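Coming up is one lone chain in structure tokens, specifically the form deposited without its partner chain.
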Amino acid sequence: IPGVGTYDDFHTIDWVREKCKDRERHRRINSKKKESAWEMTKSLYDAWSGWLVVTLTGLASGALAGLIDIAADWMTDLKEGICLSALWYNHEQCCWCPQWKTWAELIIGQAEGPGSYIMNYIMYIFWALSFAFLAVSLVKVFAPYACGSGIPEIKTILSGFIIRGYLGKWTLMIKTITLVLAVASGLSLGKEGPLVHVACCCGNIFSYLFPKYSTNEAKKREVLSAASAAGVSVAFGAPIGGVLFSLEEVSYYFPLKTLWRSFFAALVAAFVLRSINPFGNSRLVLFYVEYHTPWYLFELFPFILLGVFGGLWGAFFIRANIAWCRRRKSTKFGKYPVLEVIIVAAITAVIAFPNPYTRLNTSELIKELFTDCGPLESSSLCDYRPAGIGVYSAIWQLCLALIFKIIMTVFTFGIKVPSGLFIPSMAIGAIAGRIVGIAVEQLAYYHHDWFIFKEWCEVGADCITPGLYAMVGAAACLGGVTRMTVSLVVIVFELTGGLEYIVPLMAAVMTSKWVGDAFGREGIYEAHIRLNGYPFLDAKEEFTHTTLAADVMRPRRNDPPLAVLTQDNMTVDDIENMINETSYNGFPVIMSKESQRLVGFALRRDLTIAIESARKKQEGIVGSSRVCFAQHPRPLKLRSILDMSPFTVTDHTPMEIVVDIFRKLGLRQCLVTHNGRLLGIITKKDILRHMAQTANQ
């Protein structure tokens, strides 16, 4: 019957049923292939559909990432001036500087002086405000789903949740435009994490072109996992890192074939980015900073210390941001998203313009911090490198920036614009690591008499490398705020290329994960999932409460008896009334009202669809005709919509085993029986609600 087997919005899919549908389609297609040669070519196309869709998703993700990077760089450069000779060229490419003219030279006509500084300040603020206004208005008017990182929603979707329109074309376009707008605005956010959502949108749009991936939910989830891998790859140019992230972060179920498919998609996207090098390649992709000297054993001490910082700040953020977000979801603050975005952008621009580090783009700041001092470098971060008073000043200039980055982010992650949390955390950790490395280098230079320095360092030698400390701090902050261990480390290593610095990174990361784990085992993405109330049966959480299945059945003593359907003692009108009277997703069809022996399970959606189709197709089905759910007045027959083998457990079964079954098999509901007689039903909603109750939420 047409329509049978579909799902509604904000519903969970049944993986077993979807896979049964997929293999039934596979058997039918194989039979057709053996039937004819044209069907054989169709079967070959069906087999190659997965490769085709993953390749298309990778190519689209790479192209979109390149375009977004180019547009964001140009728009960010527009704030501080423009290149009259070539308006399309950005500041860096325009000066590759008489061609570049600042707003002071174009309005006041003076390149220097207090008036020039004032004009530049006002123009910077105005451009930031305009970009923020455009981004928020576009998000609110066209695609409200384009707001946020999207990683929490993608995680919920890959678990089996349905969010219609989240991965649509409208959301893709609006997010693509608004991410560039927000990045140019200068808000404390990034465009690396959100790229995963863009890749997922592309994956869905391409999956619509293949019947195998367009009529089955599980195959769509596999394509989405590959898309997420490709998105991370384009974000950080780390295809292996992207595959690991898909494996450990967003993919609830990851078949082995999906591993290689996601790896191929990530490699294709990385190759697409390489082809347009350096046009669409970001600074992070082109980082490629060489190392001066190898790390040393004693240096692991400050690194671990950095880890502690990464463990602490992230925890604080998880406690702060969430709380603020909750206030936005409870008070009137959420009724004025445009005003909130405008105010945040104004404050950020005003407080960031005076300080060169904050006025600097976050990605460029990260690149500079990771970049090591050189003989040709004369930046304030490397003016001293003996050392002078300016060092202290430099440290001061860093410290303030750090504080700024810590504050704005808390009020920036959650606003109604595309915002990413990877870049801000990386910048904060990089600043902290740079400060720590500067301190360690100064101590080594002024106290080389210590046996540790005298053994592992030499007078007038590059024993200490602050760039490595900044990298370690960035990795520690990312791990402490996301609780990622392997994917994070591999992504950092691929981004920086420091194969010899994998050990220094890992350690720090682990430390952060432990420290944060002391203040809470939940990460930022999971915390946001819980805040939004999405149905998520996280496997990381362990159910320790000693309860039995009898304690979770909905039809309790106080509750009314569960609605059931007789095999062949029901009519179409009665079934319609039952559907319109009960709120159950499905109903268990029993043999008889006395025996109450389970016969099957019929979903309400399929039941209604079958009834309507039969009424519109045949004559005499006006309610008088009976409905028979058994096998072979024109009585209605609805055996095709019922499940012959619903999962069942005993009333005394410990709830831990039930949760295990639900997690591993991805079931939708389980019929709790005893003596072969139906008693109750435990649904994923009930399991989640019980888990929340036992967790004191």
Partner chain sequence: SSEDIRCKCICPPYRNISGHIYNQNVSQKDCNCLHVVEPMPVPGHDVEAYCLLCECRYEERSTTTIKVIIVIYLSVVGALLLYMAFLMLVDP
Contents of the next structure:
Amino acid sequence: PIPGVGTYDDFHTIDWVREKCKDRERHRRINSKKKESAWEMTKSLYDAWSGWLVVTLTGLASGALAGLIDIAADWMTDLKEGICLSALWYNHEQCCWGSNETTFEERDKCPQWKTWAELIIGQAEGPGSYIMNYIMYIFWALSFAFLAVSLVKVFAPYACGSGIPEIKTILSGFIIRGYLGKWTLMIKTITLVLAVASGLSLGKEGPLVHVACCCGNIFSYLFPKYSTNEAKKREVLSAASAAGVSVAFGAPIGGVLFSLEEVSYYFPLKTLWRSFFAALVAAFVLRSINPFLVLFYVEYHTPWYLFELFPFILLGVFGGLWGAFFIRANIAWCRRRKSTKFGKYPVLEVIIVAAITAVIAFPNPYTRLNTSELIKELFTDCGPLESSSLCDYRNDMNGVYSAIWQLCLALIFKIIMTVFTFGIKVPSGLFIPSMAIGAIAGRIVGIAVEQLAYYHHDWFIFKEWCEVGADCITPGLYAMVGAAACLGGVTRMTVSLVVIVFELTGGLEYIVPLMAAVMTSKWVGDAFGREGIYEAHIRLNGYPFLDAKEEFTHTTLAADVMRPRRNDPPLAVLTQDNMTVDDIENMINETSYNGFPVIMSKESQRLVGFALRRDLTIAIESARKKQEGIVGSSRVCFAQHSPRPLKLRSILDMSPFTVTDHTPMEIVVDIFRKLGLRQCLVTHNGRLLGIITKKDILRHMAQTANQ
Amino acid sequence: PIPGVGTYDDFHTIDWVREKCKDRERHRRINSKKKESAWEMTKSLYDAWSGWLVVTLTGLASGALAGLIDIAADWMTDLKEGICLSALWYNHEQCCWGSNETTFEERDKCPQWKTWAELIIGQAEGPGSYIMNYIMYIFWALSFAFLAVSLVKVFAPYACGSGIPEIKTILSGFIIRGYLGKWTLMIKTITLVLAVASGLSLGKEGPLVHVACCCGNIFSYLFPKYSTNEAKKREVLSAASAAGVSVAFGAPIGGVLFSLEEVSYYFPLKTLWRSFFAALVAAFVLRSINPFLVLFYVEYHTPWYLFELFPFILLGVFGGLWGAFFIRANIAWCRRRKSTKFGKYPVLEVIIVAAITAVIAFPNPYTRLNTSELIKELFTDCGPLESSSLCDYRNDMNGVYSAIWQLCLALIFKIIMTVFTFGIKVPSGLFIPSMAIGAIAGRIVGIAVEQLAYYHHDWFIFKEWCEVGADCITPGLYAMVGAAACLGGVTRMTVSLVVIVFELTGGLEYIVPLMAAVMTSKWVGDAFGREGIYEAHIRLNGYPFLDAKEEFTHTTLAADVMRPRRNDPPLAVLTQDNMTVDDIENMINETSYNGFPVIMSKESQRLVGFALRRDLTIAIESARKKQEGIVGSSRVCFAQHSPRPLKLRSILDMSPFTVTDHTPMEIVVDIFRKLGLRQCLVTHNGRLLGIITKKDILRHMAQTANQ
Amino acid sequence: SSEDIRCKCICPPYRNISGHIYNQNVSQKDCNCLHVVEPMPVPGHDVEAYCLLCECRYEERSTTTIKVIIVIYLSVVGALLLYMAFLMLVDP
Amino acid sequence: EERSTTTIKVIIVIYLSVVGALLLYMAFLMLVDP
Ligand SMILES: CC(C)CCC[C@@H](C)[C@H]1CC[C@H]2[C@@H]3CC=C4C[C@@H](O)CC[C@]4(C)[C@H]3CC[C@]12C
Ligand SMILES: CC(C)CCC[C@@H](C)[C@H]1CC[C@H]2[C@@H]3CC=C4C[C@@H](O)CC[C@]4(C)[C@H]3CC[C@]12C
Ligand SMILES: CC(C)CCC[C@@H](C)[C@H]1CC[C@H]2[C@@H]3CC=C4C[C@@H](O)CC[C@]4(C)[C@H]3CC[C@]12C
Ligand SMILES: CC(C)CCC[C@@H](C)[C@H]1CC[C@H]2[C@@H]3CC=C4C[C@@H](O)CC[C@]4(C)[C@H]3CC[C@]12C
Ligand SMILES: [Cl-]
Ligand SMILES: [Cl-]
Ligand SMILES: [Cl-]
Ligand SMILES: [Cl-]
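In place of the form deposited without its partner chain, output the structure of the form solved in complex with its partner chain.
After this comes the whole thing, all chains and molecules, with the earlier chain placed first.
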């Protein structure tokens, strides 16, 4: 065919049926030539292994990038507190790892590491030392935020954000050229570390999915099958997202579940195993580099009890109530950024947000501590070896009020900051902030329950379930349940989230509580709205996304959504014969229609086919270059084989999808969702009356929702 | 509408689009009636929770039945070895549960337990005692097999077999009335225990899926939403299969993965969380009853090494090489059963197979032991505390040849016996036999590797990976890898299998080796055929099952598959008006068509819709009963509103799916698979030219495969 | 119930003495090698090493659950067989 | 406990080098490119 036929414009949804037909044709062509020569057999073998090779490459790259990002972020975050003079290249834990001056009270207390007060003021302790450390922490946070936002703006504007919403749109057939490019990959990889170092209320776990998707696209350019076909590319991208989640949480099964449930519109059976393999490879690479087998490993000696479900369910409710609130709050704020002029200054917004975050975080130890580190500390169970402040009260009696007050302040600060930090023009992830919020809430609830059990063991439930004077209540389990509940409420992920949490903490004994809390949070959030944060952001950005949840009224019929309607002029059509190249070019230029239907005769209105406008113009130009005398006067014949008329039947679709006007629009939407139709043709009495397009369907659904 | 309209005959596929429209209409009615009264609101609330209630009931029933079946099977299997006079309800382990006469050499040795020889001969040791034990073992196996097959034949013929193939076909849309009924549930529950106790080369894990599906089908009747609609019932059945796998292997995540991968043709996002919840509930129940948290828990202190992948890959290959063989062997045997007279005597076949199995198994220790117990013994890691025979050689030097020879004999016995055992008229499972075969092979391979390492530590690989004189090699890991490889080769499941194995073992450190082995086994099996054992059985049974793998030739067109063709007379059509009730009834009786296309006029041949034969006859009979004077003379008008003509427009489908003759048959098959269409009306120039049916597509594909 | 509860200490071979299992009924805290093992075949100074090599566990079984499950399964099987006999002989 | 010094070596050094190169390219674009 003509070069460039079958391609797509930027910001245009693909036709899955056409891509599948192209893939089948390519498979037939490559298979036919296998017997021709041995080199053809080798090429066919390479093509057959293209999926395995591409998923392996994507997994390896994702694992390496995740490890690099994790270590770089840890080092940069510890940069704020101070510098290890003996080794400018190490973080606090690494600098004090081998120090023999370490004390039980302070594990990370070593002479080699020097805080900025020691560097400049010269005294580790004192009001001047505290002020100097405060100022340097704020300055470093602002510097990291400025670098991240400037790098995003200058090189890869797409690098900002989690990327899960745009990935969801892309995997549904949408095209955003440059989103998964090399520039975006590099800029996002650097800016993720920079942003996590800045201390902003964001995470790097979610954006690693976008990083993996970028790697998958870049590797797919290597293999002809995936470069040529968009649907196969999107399958590779689904595998890449699975690998990204795997590296993010060390949960290959959780990553596969997330890919299946959240980001993958169409999930073939083979893609399941391919994604699992990619996730396993990426997790192996991360385990090979990053350690120096479970990130949030938890050791709760006492098994969870049935009554303990009631607090967990309560946490679930909170997980919903916050979640929906965030979905109602953040979106609004984001919308304001689009409507008002405070969004006109992304760098300034990032800088002010970072300043506020650092200023309010330094006073409170939990806020100052890295969000992932805070989640880890919350998950850890109290023990005699532990010297954590959270457990101090337990040592005192067995100040609880002071610890709970600090935890509540950190919870409020994180809740307020996550609203204004998500959506800014730097790579930000909601997974870690939601996990920290839920973990703080669960820690508070578990402390309260343990206090109730200890003070009031006379209660029959506590006495029967727990022995008197026994620490049956384990706050770490409550923190895990709260984190899972908050994440489920904000994202509405049910199975993938539970499996991800289980893999992240390596606890199969707490699956039931996690599922109960996640279900409670999901139901509570759905009570205030079923759309999740990612889908809400998709709708906010106005991407062409269609979801199974959306549905039409029973009264709506295919005639209602037809493009021609009444006011609009009749849809442009092409005659099968007696049409000049000039006429087709004029029709292409005049209208922005994605494609034009071609009928045998204008009076007959009998559909012959459907030719995409891009394909029409590409074919016309290529034929003009190839064959002389095509000055626009020569006619174009779409029928099967001096003027030397141009033949555009090849670009034509011989069997375009057709529906009837009296067909209800529910069936039309079902067909569009299942088969991924770009457009369908509404015909009455065997003649073309109108055309329904995916864009018209989304327009009607958006109009119904907006009413 | 007329009562009985929309119902489906036995051995017929359901139209998923029509079921979706029915569900939407019912939802509209229920939601509309909510404001009418508070009782209507309560009914709507019950409808909304109907899915959660039905999945909860299915999970509870599945857990209870699985626990009861497991305990009864254990007791009845140990009945063959002997009886516990002090307690006729304890198996060998329970009867020696607390005895103080036990010895380190013999764990299950107590005076309380008494072998049949000591019951009847009075001597525990001696040639006569051994002969008596042999005879009683054979007699008990024969009695159990006879009882199982007699119950299957007398009451529930469907109880035979695993049921996974039929579950697949049903979830695809196929209907088998009585397969998931109460009679089948009870008979299968009893017969699974009977067959497992008989000692035949079969398992109860796979059949638990069918048991759970039966429970779900029975519970669906309680809730009108799932009882009225077939697609909703099939979603509930998918959740039930997930719960069944969960109870079978204690793998709720693995159960959901299996449900998506293998049995469920369509898996809506909601069904994912519903299935996970059902599986968790069933597993919780099983833990509540059956224990008295991992069934096949293994403890390999030494982590798996990279070089060990090479043996594992080898095991993988073996898996596939076995799997393919079984698929080519068993099916052939099964085919012979359908072709020759030995299938006319099911009970005799079961008796003979059970006798052969017992006779050849009693002499060898591994074969005599229960298959699940043998798998557990193979999986366990050898240690000084353990007194297993397999590890005796390790104790002696560190006889190996004797243990290896016995293991190979057991492997051969199981491999040859599984071919004949599968397909007989009793509940049989392939999971446990495949696990045992693969575990024996992996144990042999691991013993060989350990012997090579110990004898030859000078090898650079062994010396570098393993310390000299150290038991780095863990044969239990090799046995697990072999079991996974064999199961992947026979079933061809990739991710669900790996997750199920990991859950059944409880170790996430061996997921990479297991995945590699499963990949190798699946690739090797596909080299000899891409169809799994369950799919092969589906094809052998001739069920109307359409798979995504199956595809038509490029040359094939919708015209080729059109029903009228040339030799066949024109397909029957119903005139919109001026056609008598007698004429419709005569057409219904004359032809066995699933439905007739209704055209406006015979000459026009303009399609007005599609009227199902069942709906047509039901409506005609109901109208005759309701309204007097309908003796068949009155005309029938399908058009929208003395003779009092019958109105059959309601039953008729206003917008039947239509395709063009020139459309490639690949597109038609894709549409059928994605939308679950029962039939599509091929029309040319806006007039009816023929009909393609899922039966026609299946027939064409079957002929293509048979060529 | 005593039958429902027990605790066992498994001792692998140590010097002259071979492996030995000591199974008695005791509470969880009373489940220990010194209490479970009485006397110890090994000498006093090596008794501690013998205990270290010894692995002890405390187990509980719901014998009543097995009771009920077996009883109900047997009752169902008997009823089904009686109905089969009814159909084969009496029904004619 | 054991740790790999060379992993941190490579990761930190290459990340810093890439960041510095990006900043230098940004400066070139802002000033030199005009
Ligand atoms: C084209 C792309 C996919 C290639 C990516 C290759 C990556 C994944 C490779 C390049 C260098 C590799 C590392 C090189 C050395 C070591 C040390 C060894 O003790 C464990 C593996 C480990 C840590 C490797 C892990 C994988 C690694 C990071
Ligand atoms: C944006 C990111 C990537 C930049 C990171 C650069 C960091 C590591 C640099 C910038 C300024 C540097 C400091 C500048 C001056 C000194 C004084 C010297 O006697 C010891 C090193 C020390 C204390 C440096 C440590 C490393 C340092 C903090
Ligand atoms: C209509 C169907 C779904 C109802 C099925 C209910 C089943 C699951 C119920 C009935 C009796 C129940 C058991 C009754 C008593 C006990 C003892 C307790 O220490 C643990 C739970 C356990 C073991 C219950 C498990 C669940 C159980 C088996
Ligand atoms: C098909 C299945 C369900 C039937 C199970 C019934 C079994 C358990 C029955 C059948 C025959 C029975 C035995 C028949 C005779 C005796 C002798 C008596 O002094 C002690 C009990 C003893 C030894 C019985 C034990 C239980 C027994 C083995
Ligand atoms: Cl994140
Ligand atoms: Cl995110
Ligand atoms: Cl089985
Ligand atoms: Cl099976």
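Residue numbers count along the first chain shown, from 1. For the two forms, the rigid core is made up of the largest set of C-alpha atoms that agree within 1.5 Å on superposition.
Fit the rigid core and compare the CA positions between the two forms: of 296, 445, 501, 543, just 543 moves by 2 angstroms or more. Core-based superposition between the two forms puts the Cα shift at residue 459 at 1.6 Å.
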